[PDB]
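Okay, so here's just one chain, in structure tokens, the form deposited in one PDB entry.
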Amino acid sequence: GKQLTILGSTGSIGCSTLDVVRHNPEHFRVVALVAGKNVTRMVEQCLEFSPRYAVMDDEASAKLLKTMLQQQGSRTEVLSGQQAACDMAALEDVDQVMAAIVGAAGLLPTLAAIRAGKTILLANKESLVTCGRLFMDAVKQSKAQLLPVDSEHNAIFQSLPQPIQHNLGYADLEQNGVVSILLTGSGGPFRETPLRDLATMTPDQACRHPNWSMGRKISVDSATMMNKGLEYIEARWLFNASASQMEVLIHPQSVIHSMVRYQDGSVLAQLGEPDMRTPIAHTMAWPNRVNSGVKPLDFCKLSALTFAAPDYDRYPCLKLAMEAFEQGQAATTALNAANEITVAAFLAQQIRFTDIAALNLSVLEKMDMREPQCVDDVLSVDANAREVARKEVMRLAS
């Protein structure tokens, strides 16, 4: 059995991950769980998976969790703080780490697992957006095995050749016969909407994700294709791909999750249901497979599969992301930060749907900062981008 520590175990990814171990108790053993302040869910997971440690990101939560565990008779050792999270990610005993702590808080714990040479199940896919160079370098200098969890990068991973799967990031694409990586996205709810109407779209309309449902923030990123922009940035880093080795394709049905084009003309693709348990189960079991609880894709109950090229006038964020990648990590993390501010603003009805792209671009222009050399530097750029975005949102709605 493989032992693991789950960074951000109470979130959607963590729960799905735990569902997978529940489907394969013999194969997986939970050594440590780390979360934020959701004490109630953490108690249940502790009582259900018997981890050696449980870490909350706060003293009040740790004590409150420690009280309920003992009241229930559990002997799980409780801890709190970022440093503890990092220790769990580096436990001598654990084989793989599910990195699901989103945002800046997930940076160091994920980095800690990389240096420890663990097998990383990268769910915190946004960390490559800010620390792409830092992370891939650390990955190569420790031989840690990266296994992308997000649906798109996972599909690509599965469609990639073995020599690349192992040595992910520091492997040569052209040398393994790979022509390009085909990143796919639904195009959002405003795929066929008249451009002239994009400015009047409402938060409710923007949050109607085409197929499956998800958070409001990630729904809007899907409508602006900023999510495809961030994933593009991540892919480049994760698969050592150039601009000419990347292709973005709209696929409304989202049956195909992404593909890889090969030298001889072949295109390999991964398909399935929109259940995160599939990519998650894939990474956990790699190089083998395990039951994930996800039902088999029924090809007789599918909508006709179509494709199309992304129109940049309709998705400026997508072009904006590609441009930032060429600009550097300072640009990508600023774009990410700004977008986080403008999307929240749009959702709070402070700005129009179309202002998201305009304001994201405006923040990038004003930035012009020194490429971060460490996480703390990444943090500063981020902090500076959010305030610039906040000011623009304010001077916009004023």
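Residue numbers count along the first chain shown, from 1. Here, rigid core means the biggest group of C-alpha atoms that superpose within 1.5 Å across both forms. First, how it differs from the form deposited in another entry.
- Just one residue from the list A35, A345, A32, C46 crosses the 2 Å line for C-alpha shift between these two forms on a rigid core fit, and it is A345.
- In a rigid-core overlay of the protein, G215 has its C-alpha displaced by at least 2 Å between these two forms.
- Fitting the two forms on the rigid core leaves the C-alpha of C15 displaced by under 2 angstroms between these two forms.
- When two forms of a protein are overlaid on their rigid core, residues whose CA moves 2 Å or more are considered shifted, and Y315 is one of them between these two forms.
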Given for the second form:
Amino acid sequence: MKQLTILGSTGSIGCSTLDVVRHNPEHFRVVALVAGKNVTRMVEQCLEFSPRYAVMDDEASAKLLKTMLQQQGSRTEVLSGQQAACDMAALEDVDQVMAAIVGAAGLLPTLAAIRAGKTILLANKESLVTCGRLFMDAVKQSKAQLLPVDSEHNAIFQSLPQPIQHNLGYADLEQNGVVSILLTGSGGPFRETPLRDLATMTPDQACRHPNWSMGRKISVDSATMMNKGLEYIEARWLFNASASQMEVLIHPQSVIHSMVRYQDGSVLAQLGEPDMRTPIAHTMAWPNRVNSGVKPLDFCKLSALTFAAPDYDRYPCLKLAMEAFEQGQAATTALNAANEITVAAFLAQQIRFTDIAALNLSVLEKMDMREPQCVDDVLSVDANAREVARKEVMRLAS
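Mind sharing the form deposited in another entry? What's above is the form deposited in one PDB entry.
Coming up is the bare chain, nothing alongside it.
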């Protein structure tokens, strides 16, 4: 029996995680739930799973949650704020922490779980992207184990040998017969959209992913392929891969979730339904398996599986992420921050869909900070880039 804290319980990943728990009450128990502002969902989750604690980051949301749960006779203690989220991630009683807060806001609570030596079920890719080597070193220095939840990285993990799996981030790919890591793939909802129509796409259009039901931020990132850029960076840290050991491949059906090339010509892959309960359950049970609620993939009802080279002209954000990573951590931290601001602006109908990539570039051109030496420096670059991004958004205020 393993006890769990879920960071970001009310969102897409959080709810999928709770469904895996629902299917396996003998194996998993929720001790703490952490979220932002969705009180309605958090009340529902607390009444079902009777967590010891529930945390809302937003102070006013926490007040409402405390009152509502008290009237319902809940035993759950309600806390509030960022520090309480960190406290939950570090509960001495907890074995696993689902890191599923969106954006760099998840970094401090995720780092707290790492310092406490927990098993980190890493969905929140922005935390690793923005923190980089400092993140990976903290996992090694403490007793922590990273298990990749993100679909592609989970697929790659499943398709790697045990010496790599058991020394994630530091083992040598070539010594284990790996030639490269093949990161797929979808292209998003606008893959075939005429280029001239991109400027007038709405938030609802951008968030209708053809294959995955996800949160709004990552759905927009999938439409620009900034998501694939962030995942490229994530893969390089997780699997200790160089630029020459990474391939990006478009696969519009999202059945093959990613692959690994070996020296003898073999390519190992993970396939399945586009359902995050599968990778979540992989990480929660590893090295064993559990029922996730996902049924067997029916190969007789599939679309034909196709592949293609990335259309870099169409998706400037992909190349931007790759070049930021080349430049260094300051540029990468700045780019992630800029993208959080521009995506949020687009969702709030302040800028156009095509302004995301342009404003992201504009922020990078205006920033030239030194490489972070500690987590405080990562946060300074992040904060600075957010401010630059807010000013660029306001310049396009209609």
